[PDB]
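First, one chain by itself: the form solved without this ligand, in structure tokens.
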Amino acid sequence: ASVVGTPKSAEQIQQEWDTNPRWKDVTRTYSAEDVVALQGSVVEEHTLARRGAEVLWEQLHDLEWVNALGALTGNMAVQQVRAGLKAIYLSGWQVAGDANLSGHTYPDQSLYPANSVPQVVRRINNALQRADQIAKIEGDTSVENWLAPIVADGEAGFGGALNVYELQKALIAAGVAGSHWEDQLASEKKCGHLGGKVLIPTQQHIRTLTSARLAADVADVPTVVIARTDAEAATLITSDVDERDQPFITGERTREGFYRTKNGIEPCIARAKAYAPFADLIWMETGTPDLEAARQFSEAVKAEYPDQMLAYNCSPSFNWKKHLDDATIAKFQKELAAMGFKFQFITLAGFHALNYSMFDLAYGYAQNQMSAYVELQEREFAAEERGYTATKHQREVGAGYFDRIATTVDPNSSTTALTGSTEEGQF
């Protein structure tokens, strides 16, 4: 026996819940006692999940707004933080298309193994940690906080409340700062911009949001919980059992047993209000990037929860210039921030940056061989004045940090890496 990791008392938890401003608008339908009962006799400390959640929350209140780009590899997250961003978005869509545990390429329908996003959260954290270790030994203060908070996609939870619970717990173990959960049927989950969506009853999503906060409380971390509604476009729901949903039920039924329901901003506003006591940020998927519709939603929701922060998906699934002109595109995010959209993100930023850059390099390489690659290397060199450091790739991935480990173990090692390298001699 030991006292390392001993659980706090229910009294202690109740107290934090009652005094920490963090929980000011947070309703919990279970007790402090209930949380303790599930903690066993040892509570593991989740440093990155704690730090990340705390940082994210402060930024949400200290900045005009927090934006982010989707990252599907650790290096992507490193470049986003090097360029100055202060949060990382981990898209489940990108994980399905190019970074999931089945090894397959999938459309965004919850087809991949449920521990896939948690593994990428752990991966992004490992990469940021390596960047952080490297910055320290290089005396580089170019970046204030390498461990930027990660907001990750919990999709529709991959099942019922217990699958939701295990996903949240695994995201936390991996070091996530925030997670989002949507009101769709897991078995028919869709990207918000794909058709064929099936909502689940308002209450069921409340059970999901409740389960996610519960896993966060049992793991002793203040994870930011985000509720997403897919009701703007969904015309199906699994059941009419919930009276808050009935006003939209048409009565028509499908062969699968689903119910037709009237889609639009109205159902989104209703669900948003019902989810508000259980969500630190609320988000409604929309069919076009429209400041006016965004404002309607914002005023409507804040008219009942003035302090409710909102999230917005600046989706690559929109044909941006088909809808907006440069002036509006230019002010898009600043406008939204004014409305209360404090977390903004380009979900598929990484998928497109990766696919395009490689198509572009490879197309050139197919025509001119080395000339096309040299053009890129020169662009990298030119970007150094902007803060870019990866042209010197050995140090970027830690060659200098491992050299430090090697010489700490054996100062006389004759097998260190950077000394005598072409990096040291040509860059």
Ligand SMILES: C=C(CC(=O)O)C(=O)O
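Each form is matched to the other, and the largest set of C-alpha atoms that superpose within 1.5 Å is called the rigid core. Numbering follows the first chain given and starts at 1. Residues that one form lacks are left out of the comparison. First, how it differs from the form solved in complex with this ligand.
- With the rigid core aligned between the two forms, the listed residues 355, 187, 126, 250 include just one Cα displaced by at least 2 Å, namely that of 187.
- When the rigid core is held fixed, the Cα atom of residue 408 travels less than 2 angstroms between the two forms.
- Relative to the superposed core, shifted segments between the two forms, defined as three or more consecutive residues with every Cα moved by 2 Å or more, span 186 to 196, 411 to 418.
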The other form holds:
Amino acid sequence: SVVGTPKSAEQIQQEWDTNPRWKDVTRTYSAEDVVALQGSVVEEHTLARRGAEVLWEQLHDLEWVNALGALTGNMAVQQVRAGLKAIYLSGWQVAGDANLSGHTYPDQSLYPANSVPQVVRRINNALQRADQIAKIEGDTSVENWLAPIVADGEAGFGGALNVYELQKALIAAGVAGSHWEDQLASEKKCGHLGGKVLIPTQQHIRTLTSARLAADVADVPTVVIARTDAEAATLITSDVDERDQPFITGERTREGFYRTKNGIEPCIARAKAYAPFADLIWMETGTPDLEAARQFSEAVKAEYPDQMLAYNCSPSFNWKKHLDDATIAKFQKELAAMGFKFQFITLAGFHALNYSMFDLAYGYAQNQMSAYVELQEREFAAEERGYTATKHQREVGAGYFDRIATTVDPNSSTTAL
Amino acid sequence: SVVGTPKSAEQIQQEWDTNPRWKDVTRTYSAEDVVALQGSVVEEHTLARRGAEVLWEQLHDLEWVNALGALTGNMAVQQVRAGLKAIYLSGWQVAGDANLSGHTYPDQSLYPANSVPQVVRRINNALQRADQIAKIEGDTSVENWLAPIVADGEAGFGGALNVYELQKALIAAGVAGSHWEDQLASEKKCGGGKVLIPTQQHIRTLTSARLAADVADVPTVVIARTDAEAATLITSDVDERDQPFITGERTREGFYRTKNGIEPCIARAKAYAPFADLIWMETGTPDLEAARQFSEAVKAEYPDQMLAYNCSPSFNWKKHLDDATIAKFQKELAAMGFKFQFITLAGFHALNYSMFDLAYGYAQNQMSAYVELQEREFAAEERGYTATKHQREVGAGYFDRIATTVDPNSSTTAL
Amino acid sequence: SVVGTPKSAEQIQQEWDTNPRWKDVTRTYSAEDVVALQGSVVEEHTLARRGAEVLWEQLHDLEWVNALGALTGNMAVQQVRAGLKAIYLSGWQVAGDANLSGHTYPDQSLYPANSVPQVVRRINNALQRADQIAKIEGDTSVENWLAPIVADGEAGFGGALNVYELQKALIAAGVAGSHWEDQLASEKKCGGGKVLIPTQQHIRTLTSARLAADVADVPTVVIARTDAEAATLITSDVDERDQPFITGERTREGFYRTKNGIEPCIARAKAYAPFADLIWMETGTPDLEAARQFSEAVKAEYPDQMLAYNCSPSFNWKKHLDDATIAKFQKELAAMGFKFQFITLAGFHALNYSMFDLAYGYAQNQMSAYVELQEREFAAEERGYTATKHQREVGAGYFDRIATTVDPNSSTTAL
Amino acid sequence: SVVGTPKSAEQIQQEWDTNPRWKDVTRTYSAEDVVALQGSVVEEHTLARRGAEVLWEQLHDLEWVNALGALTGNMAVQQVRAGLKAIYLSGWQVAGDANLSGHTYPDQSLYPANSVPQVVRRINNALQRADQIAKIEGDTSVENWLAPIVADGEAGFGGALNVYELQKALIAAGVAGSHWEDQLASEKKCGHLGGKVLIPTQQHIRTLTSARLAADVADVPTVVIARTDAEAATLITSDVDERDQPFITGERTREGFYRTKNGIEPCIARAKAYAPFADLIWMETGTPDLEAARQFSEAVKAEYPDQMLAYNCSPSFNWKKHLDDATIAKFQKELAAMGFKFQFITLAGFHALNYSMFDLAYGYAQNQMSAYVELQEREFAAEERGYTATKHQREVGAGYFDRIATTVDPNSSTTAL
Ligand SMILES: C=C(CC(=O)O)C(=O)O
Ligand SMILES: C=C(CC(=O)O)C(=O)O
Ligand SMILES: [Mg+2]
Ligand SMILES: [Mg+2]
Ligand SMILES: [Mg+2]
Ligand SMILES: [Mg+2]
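Taking the form solved without this ligand as the starting point, write out the structure of the form solved in complex with this ligand.
In what comes next, the whole complex appears, and the chain from above leads the way.
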């Protein structure tokens, strides 16, 4: 058998040289380095490849791509049924309510490192079932059930090899893109002079290089997002990288961390340093602020006018205390005009799930079935916008499995499609 | 070490004889049979014991115990924060969106048999974190975070040993009660209907589940479910109790056609009563008259037998009922002896609907839709909702306190 | 994007019609039935396809394909390093020491149904790491590290849909072949014997497994196993092919007593042949005459039908056979058409014995026992053993090369 | 219900004050700090408590406790049947052939952090089945099937909270003791001036404190082992701790690591610093050397004469090239005389499994059944020393489950025990 024969270094190099996908993508390693790590057989990763291709297309065709955080398969199925074209997989949400430890965790890289890959695979499985059901029912209402997944890679749960293995695991599960941040969450100092701890610029370039190499060895054009936490971070592990030295204050704490001046300047500097190694750049920010977004946007594009940006819209910001309805209403459109082509709400699923269950359960504790009928009536109404989960058996594939059982029975006949 | 030394057959026997918990509980096996299966060390199962005890207490003190299906830890945390005293763990919901295969399945015992135990363990982990947070914050608003969990056991994923291992795994995870049904879902004929198993086989199932609870040394609550209302087929006519409803026709698989309805459900419920702490007649449409007839027929032989009731999540409740009937439904049922009531698919509907509504709003208006949800969350704070404070909701202050305890240059707040 | 576009019903049909792989393969369903179950995108399964292709090739080129049971990744790596061309994945061994419950189980389909797929995936991961290491080291001593895997499918853990999902999960993990048996282990009567299912039900199982392979678009090798040599009971007399052996007596569970032996195994094998790439008569004692009689009876109707043979790990081989018979056993069987042969429990015995012998030596003499094992490992290097270089065996040089690739101040060795 | 009611701070403090177990055990946190983290209900951890108690007993009664690395449940069952009184759970072996990623990994904290806890739970399950079988068969030949498990905790997969969560997960699975090392494996530099990277002394005291606190909050007297990697390590993350400064050379690498003088001196210094926080101390060493063992032994006991030590006997050292048979034969007895009360071979299971399968498979590839009969004959012979796995069905519990099935059947009767 010749199934899965690797490409040659020449073919790979030629694709890096000629495919517009790799315009302005720096790989400090060689095509031979990639082939040297592939063994004799390269597994195809169908969903990871299709998702990365679809995601790149969409980022260049649509006015922007927006997404909500999904932590279960059904959540993602509903996001797609409602008309979204991408799925965001929050590591925060996974820590909170969907990781392999079984525990509720805060957002400090506490959960087992293969947790997000498992949820990626779950989400793709759920979308695949929605697509199977759609096909056997002649449902053409959704063009692409297999929406690309953008997954939270945290800072990789360790060093370069941890980064590599996480990216490989995300790719195997069918991820379309992954984001990677330049902090050490496990040493977040929670005292009064504490805060987030950055790692040196060169180390995050190491992380982004590792992630790209895992994609190359897996032979898929995964979308790579660099996140910088330098807006708020007050500490950094080391001053060894001279690009970081302009912000070093000269103080070192009792734990050995270096105090560093934070804000938009180091975020601009780090984004420029990361741009050659990142398909998109993301400045984590506490306050939604169109002006600060524009300033970061323009500083980065002054050196890299084609560099695409990513934007998280803060779920904890008190939006309506601080912005009027019109600013809220135009926020994403403005950001998209500035180059933020991927935008998302990290904790959408957490809030929807916790709120809907609290509201239903509170009603239920006081009035039993009357609360449930309020929810059921809203579901019935929602049928008008395309909601289908009111037909619960069919939603989870009962018709699909009946068809399988009928296919297998030689005395029952299947309906022609 | 003496940790975990088993009891004697004598102590076990005396507890079966004198503890009011075991009035009306038949064990066809012996206390020696139990001790023989325990080895040299018996692991303590704190959460399974405490949950089963609280569940029994509540079933005898409150007017009724009700619950909503939970498929995530946060879901159960919110149900308890909102004032519920029990959690229902739907295997249907687990098939749909929370099982170890990673796949979306319909309700036919397709998922790996240890999936529900994992979700039990997750739910307990989440309630324990809520309890930890409440303690360090002086929050007394909820008196018992560790609400008892009642879990779906399907028909055990096989034979008596499969039942035994599932009950053992549910107990290990900290389950308080488990329900067990008398159908073979993996042979549901689809041309058809559900296929029952003989009455004696389900008595075997209930005996297996009680034996696993005994060997684990916890007073787990056992719920027997009968699917005889709707089931049209049965695997065999070997049981004389099943023969009155056998028509005599056999399908191409060898299954026997059987008259379904409330009559075989009353018969099977009476057969199951000695082996079940609660009895549940699965029904498709909510029907107070059918519930009353089943209740009364069963209590005519076992006036103390407690019953359980699923309130249909798919029934178009209102299309068919006025607001007052809907509002009194559970109270009427409770008066009939239905002391555990639940909505199996509450979580599935809350999750799917809330995400569809948010996502549709978002696709059309971006941040304005999220702001609608956020404002509703703010409003809900007035009723005790706390998840707007998201970091604290998932334990950020708790883990900060651990970090402060471990740091010798920081001092911990005294409680 | 066009990635993963399904084939047409027409292409599938033509491949079933013209590819020699599907000579003598009956599909009672249609190509349209297959396309209807594929959705819009078909995931490629590289390892399942390559393994199934290599396995079919080898079964037609070599005198016979033999294998040992592997329950860990390293076990399979050593089997291939030693020169074997296939891996056997024992579900018995998985029950005993490698299943997702964490428990030690006997051989009664007690473990979670996705456990064997996980071990398939693990074994492939381990072979892939060995292949990676060999490449960066210029090691050509092994031509194919990715030996095809044949996995135990039990009886599917339920009905047709359970079979379907198990085959799908085995393919997803990269399995090359899977075997499926016609008993209900979860009802093994223990007073007793194995309980068969009707012939038509196992044809349903094999059809389910072929359908799952088709929908996944891989030419998985399907092995049908019959337990009719020893089984004394059967669930139903509904199948006319089973009736000649029914005695007419029924047990208290409703099972029918049936004459066991080679005769019902020949009958069932002939019934299964159109739906099976290989046929396997489970047998307790190795018996060349019984193997010859079964082989010849089956090939009288299907002269091209390939057979599979488990060589008993519990038989006291030698107490009963001279050295020359033992030495020729597999070659004789191969001459009879047994083209896949294996020892189910090779790994269980190698693991348990090597650890008992080492640990006993250690308990009595501490380091001297370990030094005995280490010296034997050194000696084995002469035959190609490499695990004495332990860091390199588990990938230390490979991950060093990744670290060197990622570091822009270090240069990588050219291959 | 009152099941699982927590103890008061007073009871806890009184046990720390009066129980000889806690003689010379420093806790820098308070009993109130412990109670503050326990919520309203404390789960009992039966096997973790019994294993920690049995392990402490054995460490004080026997001349020493020795162990072999086990990576499957059957391996541990065989170690106990052969007469060992403890089980060692190698994280190396778990990386190599038994972790939740499914992948073969080298020993660099690459696998998901809950992997060892899963194997602990597996090993206890396997021993529990052996004990059940023994009881129903009247097998009294083994006194304690539930041998204590000592598990590899690596350096905790991150910071203090990662350490805490791993220790809690090990305790929940029934671990008896856990060991913790002072290196950052994920930044091991593999170049020519590379090597292992130490963390500051104060940080490892933080790790050991965290591990003790997780045990206290879980209410079990888990055995805590500190390992130092300073014999060979050439780098350290920071020079901020003045106890480390004597060995700092003054050079810092391009990655920001500090070059540090290695050997037995920093191992003695670190062991002394760790002793108040560790039930046993372990100097990782490359060469088995009774003299170096004695020197480390005596330096530590000069300040802490009662401090127990732990010793790994190197599986890669070429024992018979470098030591005569008599030294090999007396090695553990000598070490025990010097205070090494827990001794183990980390990779015993890896070598036994890989070698036995290679030997069998090589024989099999050339001669089919003749190779298997050689193995079977050795098993038959081994029956004489108590080996039972030749009876394969009974070994994995077939008799136990037949008894369960017979217990459940009201028309079959059980055998009286
Ligand atoms: C809440 C989050 C989650 C995260 O850190 O990924 C944010 O606002 O970015
Ligand atoms: C091989 C090992 C494994 C380990 O690092 O724990 C050693 O010798 O210590
Ligand atoms: Mg995160
Ligand atoms: Mg169900
Ligand atoms: Mg088997
Ligand atoms: Mg290790």
